[PDB]
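As a starting point, one isolated chain is supplied in structure tokens, in the form solved without guanine (GUN).
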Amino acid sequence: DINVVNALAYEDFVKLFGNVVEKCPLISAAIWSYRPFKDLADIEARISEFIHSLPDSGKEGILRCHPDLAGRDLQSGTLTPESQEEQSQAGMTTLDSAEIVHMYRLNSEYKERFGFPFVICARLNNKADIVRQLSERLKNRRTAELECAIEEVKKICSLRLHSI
């Protein structure tokens, strides 16, 4: 109900919406300045607009706040609740020993090339399509890749918003 959302104290808005962009409560906190919102689509558009206003370093910064697929945080149970549910849904918590080693190698190569983690909308992908995209995007130019990765962040945000 957008009416209840529109009446929220910023403290409660930030609590509810503070992880729609992974570990970036600043973004959701910022857009509360634009209330009242017409609907959830309005919130979505405002978030997208905010992200796009950032310098490229800000965009790379958002990416760097994300955990690796199947990496150290998954393995040690220190993912955010949303990342945990997304990674598990995409097959990341039932990978076999060879599958884990492979994801480590791919992630390593990606972060070395681009200087930020591999981000994908896990809810919209399975194991196989994730491996495929990791390899494909590895071939991209930095400028094109940053755009690709931020689009994934926006898809994740949209799904998280609609889960609240």
Contents of the next structure:
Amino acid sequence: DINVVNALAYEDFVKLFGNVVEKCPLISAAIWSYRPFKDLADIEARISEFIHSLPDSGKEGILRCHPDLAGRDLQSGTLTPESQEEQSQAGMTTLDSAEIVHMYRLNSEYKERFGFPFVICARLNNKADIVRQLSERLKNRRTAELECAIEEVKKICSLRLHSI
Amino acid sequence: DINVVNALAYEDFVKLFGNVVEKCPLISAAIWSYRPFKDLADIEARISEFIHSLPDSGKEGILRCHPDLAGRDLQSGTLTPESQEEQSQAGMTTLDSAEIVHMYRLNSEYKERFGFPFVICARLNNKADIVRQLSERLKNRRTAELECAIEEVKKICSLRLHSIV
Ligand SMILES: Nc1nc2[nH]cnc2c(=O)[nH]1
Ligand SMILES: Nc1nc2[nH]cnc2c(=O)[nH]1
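Complement to the form solved without guanine (GUN): the form solved in complex with guanine (GUN):
Now the full complex is given, and it begins with the chain already shown.
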């Protein structure tokens, strides 16, 4: 109900929507300035516009706020509730020993190449697609990869928003 | 050592500097793109330029990530380690029932007017100073207050950085 959303104090709006972009409450806090919203699509569009207004470093920064697939946070049970649901859904919590090592190596190569973590919309992909995509995007030039990666962020955000 | 800072993996740089702007690790994460940093001043300069490049809503967003002085999070013991230290140093952790209620009302008026929390460099102000600032700044136009508040965020950030040093 967008009417209830529109009457939210900023503190409650930030509590409700503060993690639609992983560890970036500033982004959802910002868009509250554009209330009232027509609908959830309006909120989505504002978030996309905000991300797009950022310098490249800002986009890279958003990426760096995301946890590795199957990395330290997943293994240590210190993911945000959203990342935990997403990573479980993509098969990350039931990887075997060889798969864990493989994800480590792939993540390591990616982050060494690009200087931010590998991000892919987990809810839209299964385990096998994830590995294929890691390997494929590993071949991208940095500018093209930044665009690709941010598109994945925007997909994650849309799903998060619609899960609320 | 700035050499040691420059050698940090982004994951470690974010871990160390991720809260120099309250609940805004994104800012520390972004500026790592600009390494090597010449010095501490370069880091602060990159932080300042990043914030300045945001739309006004982004600057408001940053403000909205800060907890109220003496507010719900302080009472619940759920402030960030830095925020707790800053507010304790400013005398917010030893207010009586009356004071706790009074902080609430001035903050309510302010946030209703401006649409973001009252932010002041707390390590540079005592109990009384804070109230006077709140009452004076309540008079500002919104355009001006945003600029005033963001300057305070940058002061807080500067001192958070120096504490790490
Ligand atoms: N959905 C999703 N994709 C990711 N890509 C990298 N980390 C994540 C995560 O936590 N969730
Ligand atoms: N230093 C400091 N100033 C503030 N102004 C409003 N909240 C805070 C806070 O947590 N710390």
